[PDB]
Amino acid sequence: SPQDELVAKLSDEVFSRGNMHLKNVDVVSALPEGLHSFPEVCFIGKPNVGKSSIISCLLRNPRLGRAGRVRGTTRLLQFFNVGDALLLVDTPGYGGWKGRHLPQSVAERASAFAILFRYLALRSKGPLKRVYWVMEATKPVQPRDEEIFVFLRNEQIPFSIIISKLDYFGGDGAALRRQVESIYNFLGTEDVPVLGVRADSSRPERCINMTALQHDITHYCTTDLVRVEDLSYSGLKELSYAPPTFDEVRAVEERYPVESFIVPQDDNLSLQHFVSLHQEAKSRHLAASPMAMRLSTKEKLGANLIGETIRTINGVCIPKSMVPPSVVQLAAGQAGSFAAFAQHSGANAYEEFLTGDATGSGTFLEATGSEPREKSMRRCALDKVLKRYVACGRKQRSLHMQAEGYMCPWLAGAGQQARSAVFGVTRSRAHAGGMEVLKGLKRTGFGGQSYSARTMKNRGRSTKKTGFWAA
Amino acid sequence: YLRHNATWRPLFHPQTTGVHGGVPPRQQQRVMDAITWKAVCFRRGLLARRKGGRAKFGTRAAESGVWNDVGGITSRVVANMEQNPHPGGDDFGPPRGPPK
Amino acid sequence: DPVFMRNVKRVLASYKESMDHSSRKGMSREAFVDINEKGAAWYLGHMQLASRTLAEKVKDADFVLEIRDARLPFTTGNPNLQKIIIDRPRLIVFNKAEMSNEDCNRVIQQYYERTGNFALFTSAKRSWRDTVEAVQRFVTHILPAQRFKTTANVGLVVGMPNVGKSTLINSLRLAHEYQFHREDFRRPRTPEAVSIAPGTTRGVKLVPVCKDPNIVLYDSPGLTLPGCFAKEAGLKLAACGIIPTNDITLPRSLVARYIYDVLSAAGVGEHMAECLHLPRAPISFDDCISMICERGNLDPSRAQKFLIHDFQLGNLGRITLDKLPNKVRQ
Amino acid sequence: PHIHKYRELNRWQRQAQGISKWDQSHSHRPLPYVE
Amino acid sequence: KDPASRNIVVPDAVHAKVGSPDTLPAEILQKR
Amino acid sequence: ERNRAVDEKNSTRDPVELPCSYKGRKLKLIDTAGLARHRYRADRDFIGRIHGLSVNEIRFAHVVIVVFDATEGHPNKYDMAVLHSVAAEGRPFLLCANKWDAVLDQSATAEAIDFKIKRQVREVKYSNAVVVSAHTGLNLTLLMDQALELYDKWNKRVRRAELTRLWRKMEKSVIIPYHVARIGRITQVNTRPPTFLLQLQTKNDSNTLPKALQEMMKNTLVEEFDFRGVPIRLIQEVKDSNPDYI
Amino acid sequence: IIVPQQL
Ligand SMILES: Nc1nc2c(ncn2[C@@H]2O[C@H](COP(=O)(O)OP(=O)(O)OP(=O)(O)O)[C@@H](O)[C@H]2O)c(=O)[nH]1
Ligand SMILES: Nc1nc2c(ncn2[C@@H]2O[C@H](COP(=O)(O)OP(=O)(O)OP(=O)(O)O)[C@@H](O)[C@H]2O)c(=O)[nH]1
Ligand SMILES: [Mg+2]
Ligand SMILES: [Mg+2]
Ligand code: NA
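Chains as they are written, first to last, in PDB author numbering: chain B, 39 to 345, 480 to 543, 557 to 656; chain P, 655 to 754; chain X, 12 to 306, 316 to 350; chain C, 22 to 56; chain R, 76 to 107; chain A, 331 to 576; chain S, 45 to 51.
So here's chain B without its partners, still in its complex pose:
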């Protein structure tokens, strides 16, 4: 075929130049958008299905793509830049991580799933060119796979299916046909593309149908190109995308909160049964605990025991008692988010003031004695030195805001100009959206600051010019 031979020579030329690990993403703000805005391709699936093994086999390096028998090896989006023209996104496994005993397991898992689903829902229009749902060879359909398909059909994201563990069939064409038949029965579509391929980065001879995957991902990465000059290697490197707008990134974070990503330890109980077991066990504990009967129904509402509403991927509600406090501290700790900004500027000024006034000695009381000798000045001076120069304890600083927009939101300094600056064109009025296609951003950038957050070293309080205590 004319186009198939051109994309084949392109995929070979791009991948033959080498690759490297670009950036790991845990927060929605720190994304490769900027000078590193390549067309991206992600591989999602349940834990221990071969996602990182396929990445390591495509990248031709076993040590680069870290894979292991224990689940939970990948706990955040791993961006791999192949040939300086494409991005391969390695995603965390959606399911129960057995054998992984990392501290703060609930918070680390909730952060892993939050960045996963919010990245897919946001950049589905670009530069995420194709989503690959990696499923195990003979593993049946589980509620985790149901949650994935519900998320995809609600966001209207086209996805391809990769059946890994191809050696499990051992050349059984009949079993593979029944496996894809079970997939087509659960999905409900015959035209969904499915590619079965195993990956062994240790020995190249064990790999089968693996060179066809890099040709496939290049096909979906170049489908945006229109001209044959763009289909060339220079046209793909010039292809870049625009950053998301504030309105669409705020909507996806509101619909998909960090507290909603709480999955069971097993992979057989659905989210409905997992939240029902919490309700049943909590109702029994209240009716059995004597101190629980000492509380009032209004106090239980304040303690979120008897009881906006957090909806999961499937659309089921989770009570506030189900969310552990480690996750709440996680969302408020994530930099560049509304929760972290709300913690700094005050979540509830009237409520926080009365709370702080009650927990302290008083709003106007100073140097009071509750109903020995005080610390000497020579001690306070010594304690201040040990805190500042040894323990490295520092004070908080302020957060800045655009003055031109904060004073008046409906001016041109804030943006969102409905006018058309370009005159004499007919295609600009039709082309719109939060993320558009801009050619050559990798070499030109926006102008001034182009890298996103958490990209450069020694920024902000971590400057190496004046030392730590100077801040």
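No wet-lab data here; the hints were simulated from the structure.
A virtual CB, placed ideally from N, CA and C, is assigned to each residue, including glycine.
Okay, the calculated bits of chain B under chain X, using three or more residues with CB under 8 Å as the criterion:
1. 323–336
2. 509–520
3. 590–603
DEER-style ranges, computed between Cβ atoms:
4. P:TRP691 - B:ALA326: 56 to 62 Å
5. P:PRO664 - B:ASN62: 57 to 63 Å
6. A:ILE506 - X:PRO345: 38 to 44 Å
Take a look, some chain B residues computed to stay more than 10 Å from chain A by CB distance:
7. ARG109
8. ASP305
9. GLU543
10. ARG579
11. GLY619
12. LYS627
Start from chain B and add chains P, X, C, R, A and S with the ligands according to the hints.
Then chains P, X, C, R, A and S with the ligands, alone, in the frame of chain B:
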């Protein structure tokens, strides 16, 4: 109170104030010696608490095990780690299987 | 650990203190504290003193937005606006209308519609975004078209910070501040910043609500506040949960006596017993408290607390504690 | 003359802020560019 | 139907009269 | 072919002024040489001399049309720097995307140009772009029509009554985080470029308004009275002391 | 560890 609010305290060599801060460096050396000593002692404790247990030895407790279990050289290899039925070689003793 | 019950036990073990009731405070903060652009402050004096400042702020504003409680409509509302005839139209928002009486809500709505100012009875579940949408509709369908497009319509928000005014103002301020704190590559890269000092209450003076309708809101911090209230007013506020229950001055015993009296004024004793799951209709307040204790190991203090919380949540029925004036009855 | 910025700061102010001696401006170490 | 949903009519006897001490603030009575 | 248009760089050296008439308006088309960065003309004195003649013509022109190659896509940093220099001199600026016939992805290019403009700091963000093909003559009348429209905005005059009524209702609509003095009266004292005088109620000289509030008022005047593509001057007059104070 | 001259 009279030392900090009512006493004229001259400076030491105001020509080179931007170097020694107006304080005799012999007094500064005595002050720095005391602060550095107390800073090192507080640091040794903080480093031992961060790394766990002791600073140099870490979580390796003195009562549990040996500090350095490599005196001179140690051979990581283990004899017959493959657990093969016949480790004598490809051909050794009785012949295995019919010839040709 | 299949279900996170360790956290449930941890949060249930910490019930030693309630934020609604104070044990050794004779004065309340919810009656004097209100946040302004500089921070929180205590406003000492009745609203009849600041009537003139309120009138000036109303004249400066384009419309008025009152936030009242439907259970205590006239007790929560500012008497200065009732005494002074103002020309700026006002939209009133009555919260907890599902807890308030339906007949009284309808009569108040008819009275306000006949007067000319708009009334809106919202449920306790509706949100600040819903109130914002209501204000948008009001501005678009009531206020005339202005001459300058860059100019925006100003609305003076009047209410007590416990009914929802403070929550609405804080939500609007936080949203507007975050929108311009988060970086955006599409907007101009103006090298001007606005510092937000950490560890501050961060009160606001003016809050923009919308962009295309061009609506802004001015908050009046110390204009509407209960302050030094009367006996009946304090009983009503403590029964509706507006002010804390002081163990030294405003007792649970007195407020529960008031609730029992206002309920048993009419033939509602059997209905009160049915609501509280009582085996019989109570003859006296002490008998009712003892029956609530029996329904046991709990004390009469816990029984009074349960009765107060049931009346606050509305488990006793819909009731309007305020007396409707004759001009509203007409 | 001088072209640096910290020349208005004396040695005491430099050591108090925590700044390295600008007179010993070493360039054999490259800057941490985003490779 | 539901006892927690029915509305309760409050008579005019529980409402204290005008000019009553429990209706007027303590400052007015103190000053008088 | 009036001028010398070749494929080489640095072809034009002397400005060429041609008196013309468009729809009954006498105008002088001033073809100027290309501008260069300082890093290039530092080692080249002749290029620096040509640059001096180019920037000189900008200072005495009425309307300045900045032309850039649209085949590059988005305008260059130096192209945006020229627009800021034209706004600094006080001339209506207009961005022109030449060689539009040779553009392959006209959709992505028009968005890349629009993205650059709305990203600019000062009044340059209000500038308009016009796609133009010098070979095929692509809507050149539209280019001249806006050049005349920018001249009308340059000489545009605003009434003192509307300036005061606007600011009266604008103080109650904008948020002023700074501690500034009240603006008593605001009058347009001069035109081309339209200069506005802000009379402060204080008597101290160091009570000048911040740069954030100045750009806030300029954006207000532009979006209200349609001063788009035209710079605006602001002069702050402090209340003076009476000679006979008494 | 780095401690500046305090006095
Ligand atoms: N036989 C066979 N084993 C495989 C194949 N792919 C992966 N494995 C094995 O399965 C284990 C899981 O592989 P990973 O690459 O870590 O899978 P993962 O999805 O990245 O795991 P997580 O990061 O926890 O989500 C690996 O240690 C491999 O040994 C395959 O194609 N065939
Ligand atoms: N494809 C295409 N090429 C054009 C178009 N207009 C001009 N060119 C080419 O661009 C080149 C520019 O030549 P000039 O017009 O002299 O450019 P200039 O700005 O005057 O250059 P200097 O005087 O040296 O600063 C010409 O040689 C043309 O070949 C156009 O509309 N389409
Ligand atoms: Mg992995
Ligand atoms: Mg020329
Ligand atoms: Na030329």
